[PDB]
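Take a look at this single chain in structure tokens; it is the form deposited in one PDB entry.
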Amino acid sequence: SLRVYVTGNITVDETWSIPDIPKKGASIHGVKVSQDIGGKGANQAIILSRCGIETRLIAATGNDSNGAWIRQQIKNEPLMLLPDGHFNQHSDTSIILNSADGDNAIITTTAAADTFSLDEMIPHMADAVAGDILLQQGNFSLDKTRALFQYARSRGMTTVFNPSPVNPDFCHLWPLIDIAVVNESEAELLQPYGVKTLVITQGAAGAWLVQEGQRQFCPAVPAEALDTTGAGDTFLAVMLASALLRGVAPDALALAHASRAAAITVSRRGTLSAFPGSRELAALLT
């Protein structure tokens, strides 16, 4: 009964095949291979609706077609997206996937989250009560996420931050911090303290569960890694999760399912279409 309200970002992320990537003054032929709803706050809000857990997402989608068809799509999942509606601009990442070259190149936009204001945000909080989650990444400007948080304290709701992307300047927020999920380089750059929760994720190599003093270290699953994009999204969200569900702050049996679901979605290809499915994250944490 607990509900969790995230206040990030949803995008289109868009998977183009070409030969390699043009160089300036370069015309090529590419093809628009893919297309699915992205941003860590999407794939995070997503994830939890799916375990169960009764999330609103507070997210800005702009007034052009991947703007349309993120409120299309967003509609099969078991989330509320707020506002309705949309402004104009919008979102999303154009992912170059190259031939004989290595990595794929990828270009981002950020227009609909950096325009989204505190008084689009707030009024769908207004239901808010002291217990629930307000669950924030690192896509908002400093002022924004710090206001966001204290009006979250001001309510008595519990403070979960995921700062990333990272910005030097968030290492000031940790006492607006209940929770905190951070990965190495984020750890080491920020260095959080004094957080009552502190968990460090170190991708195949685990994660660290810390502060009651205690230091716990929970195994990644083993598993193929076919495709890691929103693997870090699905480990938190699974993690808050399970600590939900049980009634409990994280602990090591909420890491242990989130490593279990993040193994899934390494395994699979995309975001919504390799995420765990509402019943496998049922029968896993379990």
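Positions refer to the first chain, counted from 1. Only the largest set of C-alpha atoms that superpose within 1.5 Å between the two forms is called the rigid core. What changes on going to the form deposited in another entry:
- Just one residue from the list 252, 33, 248, 225 crosses the 2 Å line for C-alpha shift between these two forms on a rigid core fit, and it is 33.
- A displacement of 2 angstroms or greater separates the C-alpha positions of residue 91 between these two forms, with the rigid core held in common.
- Core-superposed comparison between these two forms: the CA of residue 108 exceeds or equals a 2 Å shift.
- Once both forms are overlaid on the rigid core, the distance between the two CA positions of residue 19 between these two forms is 2 angstroms or more.
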Second form
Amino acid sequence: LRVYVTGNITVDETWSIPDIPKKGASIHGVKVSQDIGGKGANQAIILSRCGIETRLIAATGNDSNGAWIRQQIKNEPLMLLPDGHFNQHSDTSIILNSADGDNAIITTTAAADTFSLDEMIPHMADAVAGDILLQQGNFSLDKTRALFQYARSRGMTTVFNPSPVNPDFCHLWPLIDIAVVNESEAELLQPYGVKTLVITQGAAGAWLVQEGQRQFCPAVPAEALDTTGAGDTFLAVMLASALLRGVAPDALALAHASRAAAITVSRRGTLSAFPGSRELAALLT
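The form deposited in another entry is what I need now, so please give it after the form deposited in one PDB entry.
If you are looking for partners or other molecules, they are not here, because only the chain is given.
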């Protein structure tokens, strides 16, 4: 079984501030970390580091960030398509880390947007029934839906993590096999009729909803000095643990994702904070 991930790849830049500015206000911040990231990239890489045959379809620009990104992906057991880049700035993210509550992130999409659907599906031409298409919320409702529709014509399994959230993603669920959502997204998009529903609540554990049954997997306690990437780690490892053992997302899968995620939040950065290929294998056994 091969996992195709259609998303984005970025360079996350984290800013430490007192609290997020109110329009009109000017404040001081400190840039504390630069790292490779992106919803699509994070999940694909972690998946591949778990041993799952994985392919990432995302656009990089003819940026110095572009060379940086492509160079890093080269050290991962993941295939990144296309080989070439685009003359656009590579997508980037501004992660506002305030003294108070949880982070706020702003991500550009110039590169991902240029990467048309026509240039995209050809990279999935070698897909077979049973293969998986994993998407996040980096695309428009139309591009996002087109991709899932395509996946269903090729007999693939569909996984959806609607982050960032798009109000219109709400009438997309009938096309999904596995939905992974926040409490915010769970309410704002209202998942329904999905074989497997997973609602993540960060440090407050996670829910697995299947066939009417509800199971709660409490989170593994951890020192959270950097929260970026926890959700992506939790999802990639939950999915990996099911795929390896050959079952459907189950309680042990969440048990593993919770452990993988605790390692991630205990480290600075994005790509640089993810559990190593060996730590994951030790974890998954």
